[PDB]
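K.L.:
What follows is each chain in one-letter form.
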Amino acid sequence: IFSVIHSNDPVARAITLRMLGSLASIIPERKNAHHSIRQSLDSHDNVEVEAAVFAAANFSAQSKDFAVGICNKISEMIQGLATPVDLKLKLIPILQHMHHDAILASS
Amino acid sequence: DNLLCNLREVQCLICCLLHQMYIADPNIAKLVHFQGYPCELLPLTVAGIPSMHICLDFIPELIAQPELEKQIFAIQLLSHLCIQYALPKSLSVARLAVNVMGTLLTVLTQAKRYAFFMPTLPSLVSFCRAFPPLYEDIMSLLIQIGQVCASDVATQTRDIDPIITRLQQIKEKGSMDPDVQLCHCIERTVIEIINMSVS
Amino acid sequence: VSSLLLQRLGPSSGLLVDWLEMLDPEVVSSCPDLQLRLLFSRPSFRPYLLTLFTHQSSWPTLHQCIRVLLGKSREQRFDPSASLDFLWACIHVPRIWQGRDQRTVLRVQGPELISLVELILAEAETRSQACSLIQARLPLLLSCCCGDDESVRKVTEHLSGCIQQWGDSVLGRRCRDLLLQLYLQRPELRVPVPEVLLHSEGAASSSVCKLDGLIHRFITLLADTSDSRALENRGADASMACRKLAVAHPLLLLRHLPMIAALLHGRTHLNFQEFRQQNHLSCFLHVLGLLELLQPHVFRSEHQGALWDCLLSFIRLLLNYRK
Amino acid sequence: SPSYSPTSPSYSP
Amino acid sequence: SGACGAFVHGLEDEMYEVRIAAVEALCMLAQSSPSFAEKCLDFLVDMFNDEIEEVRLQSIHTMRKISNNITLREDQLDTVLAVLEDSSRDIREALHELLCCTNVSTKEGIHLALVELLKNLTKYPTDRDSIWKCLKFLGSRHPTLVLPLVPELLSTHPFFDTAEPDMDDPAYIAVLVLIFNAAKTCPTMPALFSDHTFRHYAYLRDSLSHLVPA
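Those protein sequences? They're chains A, B, C, D and E, same order as listed.
Numbering of the first sequence is given in the UniProt record's numbering, commencing with residue 107 and proceeding in unit increments.
Using the UniProt record's numbering, the letters of the second sequence map in sequence onto residues 984 to 1156, 1177 to 1202.
Using the UniProt record's numbering, the letters of the third sequence map in sequence onto residues 1583 to 1589, 1610 to 1644, 1654 to 1715, 1724 to 1748, 1754 to 1947.
Numbering of the fourth sequence is given in the UniProt record's numbering, commencing with residue 1612 and proceeding in unit increments.
Numbering of the fifth sequence is given in the UniProt record's numbering, commencing with residue 373 and proceeding in unit increments.
Pulled out of the complex, with its shape left as it was, chain A reads as follows:
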């Protein structure tokens, strides 16, 4: 499944990210998948970024390590200025899945 994340076609990457998001329950803590979510987050294609957001939501719901790793990226993404308003809006409620830890929740 993961091999098609290297395809240069952004729709194929988007479907792959959504696939990994659907499989977040059975294979969390698969670190290459985490890296694909993180790299695809700051992509240019809008469909790839939305798929990365959805997969990030699922993995943050599953992995504590992913949640703590991605909270800083989300903070700098909202505070980033090239991120449009609607993407910021989709990007905020990833944070409802930061209930794994006390310092995580406080941050």
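Don't take each hint at face value.
Some chain B residues near chain C, calculated using beta-carbon distances under 10 Å [stated by the list, open to error]:
no., residue
1, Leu986
2, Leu987
3, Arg991
4, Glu992
5, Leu996
6, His1002
7, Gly1031
8, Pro1033
9, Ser1202
Only pairs whose alpha carbons sit at most 20 Å apart, straight line, appear in this in silico EDC-like list of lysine to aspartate or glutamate [unchecked claim]:
no., chain 1, residue 1, chain 2, residue 2
10, A, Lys194, C, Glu1623
11, A, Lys170, E, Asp578
12, B, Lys1156, C, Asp1773
13, A, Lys179, E, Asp578
14, B, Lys1156, C, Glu1812
15, A, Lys196, C, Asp1620
16, B, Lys1072, E, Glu536
17, C, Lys1778, B, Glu1155
Hint data in this document are derived by calculation from the structure and do not stem from the laboratory.
Quick reminder that beta carbons are idealized off the backbone N, C-alpha and C, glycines included.
Let chain A serve as the given structure and place chains B, C, D and E on it in line with the hints.
P.N.:
Quick look at chains B, C, D and E alone, frame taken from chain A:
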């Protein structure tokens, strides 16, 4: 300023659509490039369409076409692809292109030599950027075309006479006759090559 | 609405922000000076309005805005941070880069570029009361120069003038900092190095260079002094090329002094007869000539440490052949 | 294949 | 007078208890006297082919304790590395722990070292975390000696663009661990990388944060 314009956004949308089309059916990409399109679009369509590296798999077939314009377009498209994808197969096709361009230097007549070598000579700086191992072949080809064009210049009276401009300096940067134009084009690509190699 | 917001306004600010987002779609369309001092001046909802202006306005609007930001020759009125973030955002609007693979360029004239570097200096002065921010804004300067030699040279001479006029001010020190970083990124400019840069200390800390990989290739290439005589003449070309590069551009070599130290650490212990038959003493002679050229810029702190290691290797070799 | 860059990581079945 | 060649007799004794005691005495004596440590290095190297595995393990421990401040030469280094093919995984990780503390003379030594280490990866893949620790320390302590190997290590080409090496490949991760660790204190190194090495650097940053530094 090109980058920040509605033209550039439209170009990106069209590039995304064409990328989808070429993924769906690469035969469409082959057909479009055999037809050819304006060479001005080549940096745009080579940069913006990630599925154009498949063009390297039919540049030899496009070179073999008897039409001169298909050959010129093949040389230009290959130069842009080589500057994009510097692969071993990219170099192999660049070697083939330099060989075919040096081959038909002795096949073309006067007018066809001008017509072929004015657009395909700016492709040589791109080949030399991508592939340093082509320097010997590129400059041997360039000195051959330069000697041929100087001989052709000497045949007739000219308004500019580039031979007696043998010791002029750099001209870093229009009704002249084709042979002097082609001479100046050869010099111009030589300074572009040397500038590129020294910078 | 704009007058109310410019005037503190705790809970109801969101309502007014929503309002001028509703009735002012291009944000700075109506009464531009009010919105200019809203978005860039010396607030709370500023990032939201900036995001709207970046991703909601027409391209002529943003062009006029950047011409305003870079055409103010008296002001220092617009914030450096907001203006620089806005420029970076405008360069990297996703709509301009949609479809690119992102695996391996703005035109601006002279005075606009001068205003840009002045704004970067304003950013640096505001932050200093580190080199991290000044390095962070550097790719924006390079994205606006587009590799044009004329623009690089103009920025270089303006920075030389700024260093001379400001004396040794903090801003003058930051001028030297970004000037040395610019020299690192674009050493193609073959200007001789002023002594003010030689006195600069920050070159030998963490930094990024464009030609370091090449000169690294040069010295490792020259080190492999194998028996093939064609390769031996190739190594001779490498040695004299490094000689010329040392005399022409010294500082780039000076960040490659531990390089030569390590290269000489390897071959010191080997015996005399194998020393002459495998032809390694010539490499010692070559690097000796190099270092003889490299003075007196070879005599600062990190240079001193690398020299101490190199001289330990040298005296180890000398004692290794006392017989 | 048109869908993968030439420098992409190859897939080994 | 009668105190010539006592330690060699102790190490050439038949009771493994005597040899263990003698090598521990060597460890403590070399620890007290740093200049003494140079003369016992070769004798300790022979003890890595000992019959009793406790004696070999103890010799490895002594070497790790005393090779801290001194240098190995090429023959001693490769003879140290050649025993990595041993089946006993305990002495293998002990030898790894030695290699965290050893010091190399020449860059060819480091090349031989990680060649043997990735050969060990091919042999005993379950130890890959330990070998990554070994390379972490190797790069962290010889940064200036690792850098002229970097373009050979990454298989970088002067003009061609290389295939993105397969991430999550243990040998390649090991090579990257070594290179990035050497780049912790070598600012000229990162400009010698490629783009996918930066991408893989980010990946190893988040997944192997304890190993790879900033």
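K.L.:
Hint by hint, say whether it matches the structure.
P.N.:
A quick look at each hint next to the structure:
Interface hint status for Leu986 (chain B): upheld, as the beta-carbon distance to the closest one in chain C is roughly 6 Å, under 10 Å. Evaluation of the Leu987 (chain B) hint against chain C yields a held restraint, the C-beta minimum of about 6 Å falling below 10 Å. Checking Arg991 (chain B) against chain C: minimum C-beta separation of about 6 Å stays under 10 Å; hint holds. Interface restraint check for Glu992 (chain B): the shortest CB-CB distance to chain C comes to about 5 Å, inside 10 Å, so the restraint holds.
For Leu996 (chain B), the suggested interface contact is upheld, since its CB lies about 7 Å from the closest CB of chain C, less than 10 Å. The closest approach between the C-beta of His1002 (chain B) and any C-beta of chain C is roughly 6 Å, which is under the 10 Å cut-off, so the hint is satisfied. Interface restraint check for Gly1031 (chain B): the shortest CB-CB distance to chain C comes to about 5 Å, inside 10 Å, so the restraint holds. Annotation: interface hint on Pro1033 (chain B) holds; nearest CB of chain C at approximately 5 Å, less than 10 Å.
Hint status for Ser1202 (chain B) relative to chain C: holds, with the closest Cβ pair at about 5 Å, below 10 Å. The suggested pairing of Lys194 (chain A) with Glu1623 (chain C) holds, with an alpha-carbon distance near 16 Å, which does not exceed 20 Å. A C-alpha spacing of about 13 Å is found between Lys170 (chain A) and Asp578 (chain E), which places the hinted pair at or below 20 Å, so the restraint holds. The suggested pairing of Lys1156 (chain B) with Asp1773 (chain C) holds, with an alpha-carbon distance near 13 Å, which does not exceed 20 Å.
As the CA atoms of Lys179 (chain A) and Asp578 (chain E) are separated by approximately 12 Å, the hinted pair is consistent with the 20 Å bound. Restraint check for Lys1156 (chain B) and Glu1812 (chain C): satisfied, since their Cα atoms lie roughly 19 Å apart, inside the 20 Å limit. Restraint check: the Cα-Cα separation between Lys196 (chain A) and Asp1620 (chain C) comes to about 19 Å, which is no more than 20 Å; the hinted pair holds. For the suggested pair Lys1072 (chain B) and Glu536 (chain E), the alpha carbons sit about 17 Å apart, so the restraint of at most 20 Å is met.
Between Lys1778 (chain C) and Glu1155 (chain B), the direct Cα distance comes to roughly 19 Å. Compliance with the 20 Å bound is thereby established for this hinted pair.
Violated hints for the displayed structure: none, as all numbered hints are satisfied.
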